[PDB]
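Okay, so here's just one chain, in structure tokens, the form solved without inosine.
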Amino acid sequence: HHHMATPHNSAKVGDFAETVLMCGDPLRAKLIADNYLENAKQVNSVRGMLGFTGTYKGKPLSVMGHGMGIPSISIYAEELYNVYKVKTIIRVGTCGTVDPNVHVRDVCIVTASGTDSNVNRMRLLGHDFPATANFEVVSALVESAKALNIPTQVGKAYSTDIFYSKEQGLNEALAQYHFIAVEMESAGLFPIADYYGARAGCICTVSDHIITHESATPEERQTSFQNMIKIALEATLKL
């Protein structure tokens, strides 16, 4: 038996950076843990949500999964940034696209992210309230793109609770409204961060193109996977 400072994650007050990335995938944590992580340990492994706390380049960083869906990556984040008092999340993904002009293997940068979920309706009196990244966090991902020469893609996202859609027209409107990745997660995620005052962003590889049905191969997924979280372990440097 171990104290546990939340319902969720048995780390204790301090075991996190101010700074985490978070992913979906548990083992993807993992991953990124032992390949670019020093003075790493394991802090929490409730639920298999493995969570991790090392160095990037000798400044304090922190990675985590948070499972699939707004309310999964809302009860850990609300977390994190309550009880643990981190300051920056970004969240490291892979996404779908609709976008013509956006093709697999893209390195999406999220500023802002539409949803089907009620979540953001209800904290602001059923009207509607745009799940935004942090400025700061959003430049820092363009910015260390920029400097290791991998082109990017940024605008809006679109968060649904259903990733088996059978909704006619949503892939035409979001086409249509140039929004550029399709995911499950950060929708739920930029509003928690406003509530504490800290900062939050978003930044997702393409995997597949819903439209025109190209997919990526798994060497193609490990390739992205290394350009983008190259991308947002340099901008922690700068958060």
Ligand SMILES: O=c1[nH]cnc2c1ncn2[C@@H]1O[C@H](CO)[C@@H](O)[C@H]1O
Second form
Protein chains: 6
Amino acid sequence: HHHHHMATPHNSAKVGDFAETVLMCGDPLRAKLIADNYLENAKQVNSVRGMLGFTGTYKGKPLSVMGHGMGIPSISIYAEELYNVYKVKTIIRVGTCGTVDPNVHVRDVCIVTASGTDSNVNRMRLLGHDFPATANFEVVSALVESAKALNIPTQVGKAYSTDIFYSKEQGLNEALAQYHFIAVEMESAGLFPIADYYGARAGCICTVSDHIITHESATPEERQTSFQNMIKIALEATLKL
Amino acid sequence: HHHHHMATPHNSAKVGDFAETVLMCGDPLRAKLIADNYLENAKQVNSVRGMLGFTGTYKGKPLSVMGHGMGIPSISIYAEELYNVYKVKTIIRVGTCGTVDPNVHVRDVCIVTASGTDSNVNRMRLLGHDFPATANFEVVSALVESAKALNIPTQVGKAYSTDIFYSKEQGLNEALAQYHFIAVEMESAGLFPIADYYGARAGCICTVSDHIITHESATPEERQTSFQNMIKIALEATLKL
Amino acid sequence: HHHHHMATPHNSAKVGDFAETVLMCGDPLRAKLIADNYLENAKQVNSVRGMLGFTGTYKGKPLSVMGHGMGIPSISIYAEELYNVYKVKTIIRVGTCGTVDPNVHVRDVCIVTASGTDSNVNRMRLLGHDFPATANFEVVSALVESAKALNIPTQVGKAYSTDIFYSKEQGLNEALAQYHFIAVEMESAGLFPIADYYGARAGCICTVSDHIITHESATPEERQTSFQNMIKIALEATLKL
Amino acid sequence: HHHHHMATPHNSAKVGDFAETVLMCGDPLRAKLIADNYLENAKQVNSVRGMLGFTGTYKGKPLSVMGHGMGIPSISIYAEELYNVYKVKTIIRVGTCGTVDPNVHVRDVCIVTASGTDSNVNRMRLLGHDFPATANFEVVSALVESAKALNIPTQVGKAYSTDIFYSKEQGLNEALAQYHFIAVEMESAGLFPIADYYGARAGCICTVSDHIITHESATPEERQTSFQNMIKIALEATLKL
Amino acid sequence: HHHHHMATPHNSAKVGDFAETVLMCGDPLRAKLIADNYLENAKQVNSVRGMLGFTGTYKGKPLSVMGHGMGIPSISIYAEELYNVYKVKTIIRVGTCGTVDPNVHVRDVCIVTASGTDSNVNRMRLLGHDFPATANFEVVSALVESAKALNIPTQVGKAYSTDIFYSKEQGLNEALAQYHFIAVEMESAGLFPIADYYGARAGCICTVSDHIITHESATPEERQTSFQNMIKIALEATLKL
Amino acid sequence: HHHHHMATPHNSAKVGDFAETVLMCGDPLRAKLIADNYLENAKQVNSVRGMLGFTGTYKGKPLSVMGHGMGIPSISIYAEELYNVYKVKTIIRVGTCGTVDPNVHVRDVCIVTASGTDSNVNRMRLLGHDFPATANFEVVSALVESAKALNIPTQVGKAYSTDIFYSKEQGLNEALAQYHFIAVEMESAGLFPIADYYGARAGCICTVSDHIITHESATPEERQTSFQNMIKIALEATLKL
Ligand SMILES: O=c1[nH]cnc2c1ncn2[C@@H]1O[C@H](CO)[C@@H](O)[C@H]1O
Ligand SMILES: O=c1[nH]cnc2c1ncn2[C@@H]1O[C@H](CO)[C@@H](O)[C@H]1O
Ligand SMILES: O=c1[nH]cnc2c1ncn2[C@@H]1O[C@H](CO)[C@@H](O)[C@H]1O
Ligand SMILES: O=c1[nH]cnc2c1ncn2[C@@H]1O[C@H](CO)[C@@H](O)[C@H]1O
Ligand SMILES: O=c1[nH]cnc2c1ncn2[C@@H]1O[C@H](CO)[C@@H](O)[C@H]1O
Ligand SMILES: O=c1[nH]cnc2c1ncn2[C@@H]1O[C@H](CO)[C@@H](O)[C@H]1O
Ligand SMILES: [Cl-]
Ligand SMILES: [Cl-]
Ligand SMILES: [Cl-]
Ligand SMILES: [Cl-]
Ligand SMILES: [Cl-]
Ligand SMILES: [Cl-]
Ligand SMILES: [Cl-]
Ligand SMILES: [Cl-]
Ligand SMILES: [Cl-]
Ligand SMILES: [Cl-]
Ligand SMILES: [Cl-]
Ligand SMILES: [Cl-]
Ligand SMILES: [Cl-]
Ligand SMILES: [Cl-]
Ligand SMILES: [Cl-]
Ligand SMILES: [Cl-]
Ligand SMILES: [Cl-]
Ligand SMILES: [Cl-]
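Counterpart to the form solved without inosine, namely the form solved in complex with inosine:
Now the full complex is given, and it begins with the chain already shown.
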């Protein structure tokens, strides 16, 4: 039939169709790959706007995975709905990033403790002041401990979520490196304050695809291996959450 | 084969695969509907991240149509690439919007002359000052004249592009209405300054899906009819551009 | 007698003494020149603070012309009063400007679609966000069509209204040129949002007196000819409004 | 002859035609009244844009008086030129103001020690920080001592220079009163930093025309008497400067 | 002798007189209490401005303790010097705080993951953007694990470092509670970015003295017991760092 | 006994223990030196946090002296309490400063008319606008006249109160010098608006310890002599207040 129930303007899943724990990545096609290779009992629960989402189990524990699109405004829509309408308790963003830090390398796995931003969305939430987009400590710890159990080294520290992929901003990379921001992406800084609003949990893990300073770049095969390592860390972390 | 050439990180189209004129809408599935119903000579030229794009002709004139995702950061990626890598000259954003204006109604067609925003991306381009995201006059005029020839009434005026769909901002709707902003969406304010940077052209036309104040809402069938009217205006406008 | 009725602190005209359409220029002595050479049935209706204003007819249609002084705060006083107390419907600012754009030349006529600014007055109107000072489309179109009928070429695009004539701001000219701002003046960005507040119309047309980058400068005779061309465009446009 | 030498775009006076000490008021017609009633040896030195200026002597000492128009951008043009081109050393702004302070009354004379503002012009001068627009102490003291010698009571304290005469700003009056701002005007905050830039001196004295809270208002005759008291204080102060 | 060597304007300690790990609290008299009750091998190494500092050992491991005064500017001076001149590697701020969170109680121990602020110091470090003042994960984890081993419950989450103890800011407490800020203090947000600049580590642990909403307040004896619990957690954590 | 009455969280003095006039300096040990050498009838009235305060008489007139610590947040606590709880009428800050002005020299005495800042505390008080931290004119005049009677030359003008002693800010010194800021310190800009809030008086006098540009620096003996000159000016000024 040409029409289905819509719980939100952006998601056709019914309440109850999402697990309490959700992995989100920017690319919905990567969400499908995760579901098709790591979940059992899996069903597709959303395809509105092509933003594929799936619910199943990982090692028997309910888990959903869904795309979030690119940028703070896009993840904010999807995450707000997940926490509010779908009653999700924990979201882990899984993704890729650039780096400027001189001691972070392509293929490294970065576990995000907090994320800076050039967006205004968090100033709007705290009377114009500085509101740190901060990962939940239990989520950070679950990711760190899972990586340790898997013998996968990790970088742990700050990300920077920009609204502008194609930066023209003189001095930005130098400041990010001086203060040891390890990951440049476009979303985490929008996710963490929404989790706070709902009394819920969020974190982020990313693999470095490109070094913005040295120009080093992971090949497609290296990116696949990096994502496999990262996704295994995230999946194992969900068992602790 | 498991790998194709990538002209950008987000688009597998080769240079030359996009026409000089492009319609963009947020929903890639709507881009497909536009291509499948209004273009001839059509081919799919991108599917990276599910962000479908197509190139063909409308009444014999080359025209592309592609999704842009939700929010300023997402459209900025895709539009920057279209102007820079693909040498596009004109982008018309086609979409839906809310309204707060007391004399704008659900199903109305809004032609955007400029768009306000709560994003920082334009302050970053003009030394922290106010940079109006302004549609190109030839594009605005082409849309206005096409609607006149089709006997479709239009509202012509300002939009507001927000980073936050799920607004919690007291007083925003009252200020938007007081100054007669006619459309609330999430993208135009990011598109117009990129067109300026490249010495190129952009505009936006949107149909009102929801009245944010009165709670009126277009049914699915009404939204389809509204989109048909709007897309015909946009398509006819491309013949003048 | 040493005292006359004052409808506002800045204007001795009685309500009804201003036509529904008004041209405003910064120099009150230029307002007098316009009245003395282009209006019939003309009377001086204000001289408070030397800010001369006149009401008569252009080709039989009621039209006023008045000075506005230099800068956003000055035009804001006079325009607020015109719309609020005097019930004016349409104001066209007529003036001179500088340019930094590499393809705009001294003596060019610029029709303003929107104006940026370094003033805070528009942030104050929209909860601290970006509020584009946007000309009314009917006014822009009337100016464009009048110039076409007169065979006078025009540049159509963005202005920048600064609070600081004597700029010391490194990088400003480069950013303005990069984004193709065509006119540098001091007032339009304050006028357009006031028109919006009152549900009324405004626009601006300016002639380039000086190229800020190349140092080219119109002679007094060239400025007179430029103003004659511009004023004829504006006057003819009022017949359409 | 239809053309005269222009030392600046806004002033036809030749260098040397302005005294080292200048009184400026917003209304050029008031500048004429001051010249015609208090100066000897007087000549009109500017009439561009109707912004009348005069040079003569007060009690034998060279003194100029000129209008400055309304608002920070207007006074900034004229004062920048006076200090830079005309080599002026001291400017005293003489004007009218409103008040919100519960212990300041209509007809009071206010001597300004510093002026707040809603303009961005001073942030632009100090890397975005707070730059207090501060009167020169010798000027303040000369005004205070002159008023004492004339037995004229004065209020001494902060002004607030707004870009928006027609305020719509909730809470502004309450904050201004809480911190004992004594005068509301539109110019001093732009004058004092320009004097600083040139290593020169500035101050301001104003008479209260209106109480913004109680709605009390000076009659025309009361405003004349107030201005007479204020101008005598300013004139006597110039003899000390 | 009336004069001693000064390695910095604020500290008479010689380089080498501070251990690589330092506890800092606002009250220098509390620093003395910590040294006199928990350190062996202890000596006073600074008394400039009364800002007492001490170096000794805790369970044999070198450890310093010093006051930092109240507010971001004060801690910034002392911490900058400790990392830069004294080559410190790890600073743990130990202190007291208020809370607004409905589920945080007087006497609770809060381990800070990141701290918001109303200061501009971090915007100045990151081109005007949002720079989250973020604790080092190893420090956070050491505090969490030490509290667990001591069977002391802890709250783990965000602090807010204000410049204004005596807040008059309507809506601040409501926003802080909505986003589950657990601790209100005046310093952590200045410490963490300095540690980042030096490639070093910092964290913060605080005990709740007052509930800002309910008005509950710890008695002097309760504050002593709370501080004893907190200091034992911090001291044990230093053995892991 | 291990516990005393606390009128505030930071001051054990009882109401009435502070005189209506107070000198404050950053270093509490310097407050003690002032009390021990210039006051009679003196008693120590506070030692909480080591922030020594004393009350006695100078030439028979009640006078207190107390430390304020370093930075705007610290002085704000102590001064707010002094005006609010202790009913103080006049505070003179006495301190040291740097200078960048080319005509200000080490050992000079600077009397502050107003102070700029990089803090947000004054924007928070005036709806986000520019609120000049302005000394009371009677206090400034008392300091100026006292220095004259003592034959001590003074510089009179603007200070700049920074949150960051260890500046890394390119261009700051050049802007401060261009606009003739004479003193760089960390506190005055926080004191003056608090005095305004309470309808009370404040000022500041400082001696130049270091020239930030030329690197000149006062020796310890020169700083002692400078402080003696400055404190005598301040003490004599209190007799006029
Ligand atoms: O260098 C980078 N900058 C910004 N985002 C990045 C970068 N590298 C990876 N991403 C991630 O991939 C998308 C953009 O291609 C964004 O969604 C972001 O999450
Ligand atoms: O009320 C509205 N606010 C913001 N965006 C809207 C609204 N109505 C339609 N859109 C449009 O649809 C997407 C969000 O659903 C956004 O991409 C925007 O373009
Ligand atoms: O380059 C320019 N900058 C700013 N304003 C200008 C410029 N050229 C012309 N005007 C116009 O003339 C007055 C100032 O002389 C301003 O009122 C503005 O409208
Ligand atoms: O209440 C007032 N607000 C703002 N400016 C005022 C006020 N009263 C007097 N002026 C003064 O008069 C002009 C405006 O009429 C401005 O130039 C200002 O200097
Ligand atoms: O509610 C509170 N607000 C701000 N700082 C606080 C609060 N409670 C404790 N502190 C802490 O104690 C000092 C101020 O008394 C500050 O140094 C801060 O660290
Ligand atoms: O150059 C300077 N910058 C900032 N503060 C200074 C300077 N010189 C003196 N002080 C003063 O001394 C303390 C810092 O050492 C601050 O409290 C300030 O009042
Ligand atoms: Cl992805
Ligand atoms: Cl589905
Ligand atoms: Cl990049
Ligand atoms: Cl769409
Ligand atoms: Cl494809
Ligand atoms: Cl909404
Ligand atoms: Cl003009
Ligand atoms: Cl008249
Ligand atoms: Cl210029
Ligand atoms: Cl006047
Ligand atoms: Cl003349
Ligand atoms: Cl008003
Ligand atoms: Cl403490
Ligand atoms: Cl010592
Ligand atoms: Cl509080
Ligand atoms: Cl001191
Ligand atoms: Cl005591
Ligand atoms: Cl410094």
